[PDB]
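Next up: just one chain, as structure tokens, the form deposited in one PDB entry.
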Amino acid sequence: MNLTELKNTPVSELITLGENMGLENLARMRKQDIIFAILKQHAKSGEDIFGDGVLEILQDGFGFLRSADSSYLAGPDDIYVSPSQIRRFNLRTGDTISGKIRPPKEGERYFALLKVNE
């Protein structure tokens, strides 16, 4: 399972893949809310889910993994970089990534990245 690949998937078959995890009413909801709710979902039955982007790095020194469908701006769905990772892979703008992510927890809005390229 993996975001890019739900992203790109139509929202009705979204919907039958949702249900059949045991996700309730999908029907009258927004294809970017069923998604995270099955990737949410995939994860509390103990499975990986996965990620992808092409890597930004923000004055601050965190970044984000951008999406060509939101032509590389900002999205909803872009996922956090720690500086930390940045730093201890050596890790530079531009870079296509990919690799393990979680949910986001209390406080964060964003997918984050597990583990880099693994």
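Residue numbers count along the first chain shown, from 1. Heads up, when I say rigid core I mean the largest set of C-alphas that superpose within 1.5 Å between the two forms. First, how it differs from the form deposited in another entry.
- Just one of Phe36, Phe50, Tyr80, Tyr72 moves its Cα by 2 Å or more between the two forms on a rigid core overlay, and this residue is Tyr72.
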Given for the second form:
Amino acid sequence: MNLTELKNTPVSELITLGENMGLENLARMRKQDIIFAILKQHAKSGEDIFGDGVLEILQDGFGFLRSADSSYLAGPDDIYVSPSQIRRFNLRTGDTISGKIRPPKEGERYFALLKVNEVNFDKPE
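Any chance you could show the form deposited in another entry after that form deposited in one PDB entry?
Below: the lone chain, stripped of partners and molecules.
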């Protein structure tokens, strides 16, 4: 299961998928909140979850992967990328990244990149 796929899924279908995995009251939430709930539930089940986006490294040194159609506009489903991941793979703003992500923990706000699988559609090598 991956974030962009879910983002491209009709809400009624997301509701069904979520219900089938033990979630409730989905209809009343914003689509993005429904998606968060589903990915979190799936990950809690020990299943891998993926995400992708265009990287933008900010001032502090960390970055976020944003949807390509976002033209770099910040959003709640932005995927956090750590300074260590950027250094590990010499990541650059404008780079397209895809990989495993993890749901935010208690107090956490964003989904975070867990493993960089591809950089500019190629092996991180």
